[PDB]
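Visitor: Listed below, chain by chain, are the residues.
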Amino acid sequence: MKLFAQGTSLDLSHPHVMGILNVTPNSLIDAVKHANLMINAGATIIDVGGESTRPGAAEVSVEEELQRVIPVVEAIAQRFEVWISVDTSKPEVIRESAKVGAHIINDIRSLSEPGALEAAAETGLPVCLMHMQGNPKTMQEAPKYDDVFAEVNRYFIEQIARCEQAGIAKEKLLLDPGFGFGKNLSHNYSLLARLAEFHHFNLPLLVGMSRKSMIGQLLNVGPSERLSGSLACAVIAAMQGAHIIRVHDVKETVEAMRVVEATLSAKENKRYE
Amino acid sequence: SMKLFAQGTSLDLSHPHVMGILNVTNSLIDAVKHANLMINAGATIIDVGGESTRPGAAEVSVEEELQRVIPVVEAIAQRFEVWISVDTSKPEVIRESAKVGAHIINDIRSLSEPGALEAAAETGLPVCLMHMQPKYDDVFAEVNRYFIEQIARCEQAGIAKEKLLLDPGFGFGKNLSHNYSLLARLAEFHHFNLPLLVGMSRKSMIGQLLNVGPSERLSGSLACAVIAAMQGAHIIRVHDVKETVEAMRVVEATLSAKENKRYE
Ligand SMILES: CNC(=O)CSc1nc2c(=O)[nH]c(N)nc2[nH]1
Ligand SMILES: CNC(=O)CSc1nc2c(=O)[nH]c(N)nc2[nH]1
Numbered sequence: 001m002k003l004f005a006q007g008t009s010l011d012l013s014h015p016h017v018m019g020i021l022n023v024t025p035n036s037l038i039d040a041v042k043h044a045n046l047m048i049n050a051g052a053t054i055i056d057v058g059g060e061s062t063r064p065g066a067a068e069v070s071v072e073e074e075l076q077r078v079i080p081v082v083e084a085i086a087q088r089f090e091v092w093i094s095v096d097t098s099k100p101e102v103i104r105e106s107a108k109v110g111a112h113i114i115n116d117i118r119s120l121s122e123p124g125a126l127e128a129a130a131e132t133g134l135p136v137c138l139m140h141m142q143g144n145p146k147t148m149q150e151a152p153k154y155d156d157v158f159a160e161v162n163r164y165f166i167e168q169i170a171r172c173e174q175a176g177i178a179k180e181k182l183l184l185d186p187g188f189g190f191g192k193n194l195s196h197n198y199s200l201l202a203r204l205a206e207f208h209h210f211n212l213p214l215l216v217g218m219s220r221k222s223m224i225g226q227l228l229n230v231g232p233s234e235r236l237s238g239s240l241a242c243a244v245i246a247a248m249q250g251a252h253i254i255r256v257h258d259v260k261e262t263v264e265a266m267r268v269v270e271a272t273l274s275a276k277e278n279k280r281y282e
Numbered sequence: 000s001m002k003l004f005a006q007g008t009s010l011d012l013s014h015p016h017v018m019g020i021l022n023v024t035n036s037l038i039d040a041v042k043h044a045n046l047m048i049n050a051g052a053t054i055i056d057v058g059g060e061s062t063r064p065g066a067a068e069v070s071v072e073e074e075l076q077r078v079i080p081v082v083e084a085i086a087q088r089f090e091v092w093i094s095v096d097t098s099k100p101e102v103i104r105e106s107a108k109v110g111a112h113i114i115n116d117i118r119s120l121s122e123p124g125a126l127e128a129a130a131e132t133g134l135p136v137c138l139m140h141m142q152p153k154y155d156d157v158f159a160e161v162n163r164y165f166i167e168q169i170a171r172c173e174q175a176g177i178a179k180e181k182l183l184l185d186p187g188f189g190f191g192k193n194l195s196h197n198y199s200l201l202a203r204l205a206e207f208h209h210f211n212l213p214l215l216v217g218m219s220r221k222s223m224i225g226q227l228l229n230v231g232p233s234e235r236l237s238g239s240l241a242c243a244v245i246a247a248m249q250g251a252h253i254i255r256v257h258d259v260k261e262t263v264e265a266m267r268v269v270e271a272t273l274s275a276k277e278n279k280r281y282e
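Order-wise, the sequence lines are chains A and B. The first sequence runs 1 to 25, 35 to 282 under the authors' numbering. The second sequence runs 0 to 24, 35 to 142, 152 to 282 under the authors' numbering.
Possibly wrong hints are sitting among the right ones.
[Stated by the list, open to error] Under the rule of at most 30 Å between Cα atoms (straight-line distance), these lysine-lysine pairs were calculated in the DSSO-like manner:
no.	chain 1	residue 1	chain 2	residue 2
1	B	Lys276	A	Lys153
2	B	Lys221	B	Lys153
3	B	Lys276	A	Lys279
4	A	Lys276	A	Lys108
5	B	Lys279	A	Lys153
6	B	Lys279	A	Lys276
7	A	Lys221	A	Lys279
8	A	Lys279	B	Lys221
9	A	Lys276	A	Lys260
10	B	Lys279	A	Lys279
11	A	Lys276	B	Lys108
12	A	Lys260	B	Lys260
13	A	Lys276	B	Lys221
14	B	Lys153	A	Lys221
15	A	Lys279	B	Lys153
16	B	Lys279	A	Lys221
[Claimed, not checked] Partial pick of chain B residues on the chain A-facing surface, computed with a CB cut under 7 Å:
no.	residue
17	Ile48
18	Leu240
19	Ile245
20	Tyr281
[To be verified] Partial pick of chain A residues on the chain B-facing surface, computed with a CB cut under 10 Å:
no.	residue
21	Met1
22	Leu228
23	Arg235
24	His257
25	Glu261
26	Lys276
Hint data in this document are derived by calculation from the structure and do not stem from the laboratory. Heads up, the beta-carbon is just placed ideally off N, CA and C, and yes, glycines get one too.
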């Protein structure tokens, strides 16, 4: 299983760590320095995000997002060999990012914005499709499912169809159940517990649980006290064959993933279920 | 539903338990303070031994081992509700430990010293059977065969199967690939229908993989603990209790959301 972009490939025969590079508010210098620490810690993908997708967040203008994100994507693509995912919903950010070297479009809205689907298709880049109920402004008010796994799974069916029909080949797609995006605690753990069952699509799985409420609410601790919980989440996901793990704490996660890889390669079928 | 019974209390093995490692080196005050810290971090068992009971540590006389071990076990038993695991191979220490409140006999030698088997049987206490001998044809099958034999050996000495715990003994005459093969197939040891205990904390199976020293192995230790607990391991022996307890609560939330309650 591989992805292809900007004349390189990403080998998904083992898990990859994706370092989080938040550029919501010298910012260019610091971002490049942070990217560098994460690369040295073993991150093979950097996720550059210029719009807060947190519960309650206000939208960011196209002009603000471009200014925050494009110089950062460019600088990294110029200096390092690492892959770059862009955490955006905007057609113009999608277009400009591809032009300065981004490898993956990571859209929490699964290209739902007017023009986003067509822009993503024109770039030819890999596209991550994430599940969210509602939108970031109200998703966490009262998340509700009869069956969270089935509803997330149905959603991936439809979005894969939607993408294929715009001329995005299945082989460019990644799936992400969207931990925290319109989900209470028990919804999140139902998804994590059944994560291996999303392999039926035969597509890369991407997960982001790092320092999120599904850890905080379980342990009753703030964002800075969540590393152990985050590693546990990462290991649980990678033990079930998750291909990319989106995290804040790269070094610790990479060490944990090495242990998982040694375990999985000793196994005769290469995955837990 | 799995439970152990000892010293008028019980251990509920429907979820995983973190066992904290206690170094025995006044020293009694310090041991109790360290027990307190691990209990407050959420350990429900304390394993009395640590550095002094590691492989290669200096052997001690019966008299010395009683003087260092018995007062510690007694002190914890008087002050806390926590279960107490005792690291010993000597029948006298097994006997005296039981008299002052120990709950589990954790002998890395599987009661092989003269009299140790008979002493453990007289206590009525739970006993951990750990594999130790690196070369194997099939490391899992050798370890598995070893459990069959030690289970029988204990049953024959009058120790009921319900008092036994099984430990594959990570790092004990095992190279890196042997250790990871055991960890990869840990769930298969559930066919004995006995508790599984594992100890990977800060071991060379992490140090050699990551190429880091003993104080830099927390992330790998946590990964190992999570991998074992996701496969239904019941007791996890560790140095870093708080962090392990936190990882275990994540594992519990995950296993509670599953219909099957274990990964394989
Ligand atoms: C502290 N919370 C955050 O980091 C929220 S931002 C964010 N989360 C995710 C995620 O779970 N998956 C993907 N693909 N992209 C994401 N972007
Ligand atoms: C840094 N190395 C150590 O902690 C070696 S001492 C030790 N290991 C184990 C183990 O794996 N299982 C049990 N039951 N008892 C043990 N005692």
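Visitor: Using 10 Å as the Cβ threshold, decide whether A/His257 counts as touching chain B.
Guide: 14 Å, violated
Visitor: Classify the hint on A/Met1 as holds or violated, based on whether any CB of chain B lies nearer than 10 Å to its CB.
Guide: Since the shortest Cβ distance to chain B is 21 Å, the answer is violated.
Visitor: With the threshold set at 30 Å, check whether the alpha-carbon distance from A/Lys276 to A/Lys108 stays at or below it.
Guide: 42 Å, violated
Visitor: Assess, step by step, whether the Cα of B/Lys279 is no farther than 30 Å from the Cα of A/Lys221, and give holds or violated.
Guide: Measuring from Cα to Cα gives roughly 24 Å; hence the hint holds.
Visitor: Quickly compare the C-alpha distance for B/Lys276 and A/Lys153 to 30 Å and report which way the hint goes.
Guide: Cα-Cα ~19 Å, so holds.
Visitor: Run the distance test for B/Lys279 versus A/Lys279: straight-line Cα separation, threshold 30 Å.
Guide: Cα-Cα ~20 Å, so holds.
Visitor: So, as I understand it, the hint says A/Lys276 touches chain B; can you test that by seeing if any CB pair is closer than 10 Å?
Guide: 4 Å, holds
Visitor: Taken at face value, is the distance from the CA of A/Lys279 to the CA of A/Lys221 at most 30 Å?
Guide: Holds: A/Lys221 and A/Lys279 sit about 28 Å apart, inside 30 Å.
Visitor: Interface hint check: A/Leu228, Cβ to nearest Cβ on chain B, cutoff 10 Å. Holds or violated?
Guide: The hint holds - A/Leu228 has a Cβ within 10 Å of chain B, the shortest such distance being about 6 Å.
Visitor: Would you mind confirming whether the straight-line C-alpha gap from A/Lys279 to B/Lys221 stays at or under 30 Å?
Guide: Distance ~24 Å between A/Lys279 and B/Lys221 Cα, so the pair holds.
Visitor: Restraint: B/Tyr281 near chain A, CB-CB cut 7 Å. Satisfied or not?
Guide: 4 Å, holds
Visitor: For the pair we were handed, A/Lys279 and B/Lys153, check the Cα-Cα distance against 30 Å.
Guide: 24 Å, holds
Of the hints listed earlier, those the structure fails to meet are numbers 4, 11, 14, 17, 21, 24, in rising order.
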